[PDB]
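Single chain ahead, by itself, as structure tokens, in the form deposited in one PDB entry.
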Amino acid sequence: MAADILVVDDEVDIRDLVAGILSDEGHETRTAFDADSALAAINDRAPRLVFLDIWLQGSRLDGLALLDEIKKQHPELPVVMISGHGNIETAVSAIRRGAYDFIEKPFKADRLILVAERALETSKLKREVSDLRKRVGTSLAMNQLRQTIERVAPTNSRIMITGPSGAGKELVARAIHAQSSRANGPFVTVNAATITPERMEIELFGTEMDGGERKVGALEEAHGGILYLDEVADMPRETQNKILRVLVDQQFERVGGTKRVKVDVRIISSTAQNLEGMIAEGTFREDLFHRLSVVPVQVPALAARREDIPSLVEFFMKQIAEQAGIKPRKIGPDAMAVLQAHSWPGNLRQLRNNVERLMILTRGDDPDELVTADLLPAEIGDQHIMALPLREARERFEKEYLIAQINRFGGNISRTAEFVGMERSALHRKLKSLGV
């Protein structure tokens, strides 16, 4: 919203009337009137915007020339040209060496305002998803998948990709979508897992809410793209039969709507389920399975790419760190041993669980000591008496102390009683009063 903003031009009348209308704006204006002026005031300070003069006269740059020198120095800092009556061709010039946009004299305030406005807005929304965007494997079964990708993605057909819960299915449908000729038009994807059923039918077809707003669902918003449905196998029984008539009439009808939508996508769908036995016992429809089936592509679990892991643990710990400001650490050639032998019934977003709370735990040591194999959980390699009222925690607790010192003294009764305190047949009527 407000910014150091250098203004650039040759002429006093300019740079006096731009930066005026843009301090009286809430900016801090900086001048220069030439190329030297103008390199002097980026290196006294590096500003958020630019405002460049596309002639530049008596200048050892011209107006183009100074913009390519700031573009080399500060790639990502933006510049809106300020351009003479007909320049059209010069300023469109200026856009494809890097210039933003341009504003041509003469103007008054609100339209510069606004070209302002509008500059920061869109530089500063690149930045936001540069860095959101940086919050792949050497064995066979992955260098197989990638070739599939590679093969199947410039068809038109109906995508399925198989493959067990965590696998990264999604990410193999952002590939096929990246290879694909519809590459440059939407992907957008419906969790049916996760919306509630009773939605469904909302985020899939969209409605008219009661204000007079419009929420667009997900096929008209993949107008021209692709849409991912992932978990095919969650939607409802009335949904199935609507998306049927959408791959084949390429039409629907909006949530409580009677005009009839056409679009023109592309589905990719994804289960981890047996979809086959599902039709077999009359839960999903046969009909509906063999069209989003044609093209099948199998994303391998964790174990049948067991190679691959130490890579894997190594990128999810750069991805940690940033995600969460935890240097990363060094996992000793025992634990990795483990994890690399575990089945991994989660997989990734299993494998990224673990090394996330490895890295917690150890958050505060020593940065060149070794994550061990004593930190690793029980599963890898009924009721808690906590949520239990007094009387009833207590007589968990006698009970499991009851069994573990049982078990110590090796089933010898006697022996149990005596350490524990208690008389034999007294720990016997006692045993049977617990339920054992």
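Numbering follows the first chain given and starts at 1. By rigid core we mean the largest C-alpha set that fits within 1.5 Å across both forms. First, how it differs from the form deposited in another entry.
- Only one of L120, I161, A233, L292 has its C-alpha shifted by 2 Å or more between these two forms once the core is superposed, and that residue is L120.
- Once the rigid core is used as the reference frame, the Cα position of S83 differs between these two forms by 2 Å or more.
- Annotation: Cα of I103 displaced by at least 2 Å between these two forms, core superposition.
- In a rigid-core overlay of the protein, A324 has its C-alpha displaced by at least 2 Å between these two forms.
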Second form
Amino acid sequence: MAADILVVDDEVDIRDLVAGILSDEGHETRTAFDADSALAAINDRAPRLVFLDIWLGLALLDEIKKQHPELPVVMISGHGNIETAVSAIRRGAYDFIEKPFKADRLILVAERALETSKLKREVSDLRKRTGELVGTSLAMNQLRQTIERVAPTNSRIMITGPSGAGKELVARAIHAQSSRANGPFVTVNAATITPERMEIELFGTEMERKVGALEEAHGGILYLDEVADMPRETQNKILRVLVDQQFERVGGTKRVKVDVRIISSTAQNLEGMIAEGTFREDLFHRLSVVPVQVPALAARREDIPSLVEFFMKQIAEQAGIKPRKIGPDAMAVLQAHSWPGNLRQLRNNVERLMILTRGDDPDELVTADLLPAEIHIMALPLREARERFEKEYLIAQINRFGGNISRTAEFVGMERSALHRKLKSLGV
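Please show me the structure of the same protein in the form deposited in another entry, now that we have looked at it in the form deposited in one PDB entry.
Shown below: the chain alone.
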């Protein structure tokens, strides 16, 4: 709300006027008469906003934007033509101010210009702490080309892949590459929605106001994450929406018509579910339009090293942990795993390794011993816990001595018959 503003203009009267009003609001104002003084001001310290006069012009706008892609530029246009002013918006400008201007318009113009730039930065920052698609494999290239092909179409998509494979990312990639890219990207995850609230989540409630997924998705893309998690009750509801593109809100007569591009996804066999009568035959066909298949990590094992490299880089910009070198034995083992949970499971494992080895020297390699086993005393009171301990301890000792009860008893500090009786009492 108190930014550093650079006001570039040929006329000192305007340079003073714009810089004055803004500085009086609480901004840090710096001024330039030409491109050479302007670029040198950016060189002193980069501003958080630029006010650029069109006629000194659009060449300076390009240089500011080439050197600083995230720096908002607002134009200073004459009363006569918004033609060049509007041309500048397309050339990269955010907005424009027309002479003569009221001080209050200028305040708002700068405020709105900064707010956007801040949001775009709040996006890049939030994105760097959270999780395009990595992979050089033939599987990945084929998927990227499928995305590139199906995204410009207006067709309904059916994304199929194992859990943690990349289905939601493919959905978002298709969205970013479609004509609805500026429109909403609304997600519906059946697994995390309660059945008692499933109707409200999809359709909303009548008149603070609760807007359902479908209404929210209007003019954009609605993502049905794991359709198989929807009960038969709500599968019918989805289908009834698919026929007419209309629905009613919960506790309301009003019927709403929306225009949504549906993207579905499943890690389940839907045809087999139709055979079991657990999923609707008509619904499946209505949703299963343009199929897109996300491959298992098992189907692109060659990417495991480049994905570990990528996740390792990602967690460094998140936790400040210096990326480590994974040993060849750990890597060999990682590459061999079935990855039931695929890329979500790979990332979690890579992270676990970063945490455990954090204290260590960067020169030391991540060894296979660190990988988890896939790659009760604490809940019990004292007497019970003591009893389980004793039982397990003796079982372990007998096995250690290969069943020689007499050798066990002597080592343990017991007499033969006493060990037999103890074992019986413990339930062995």
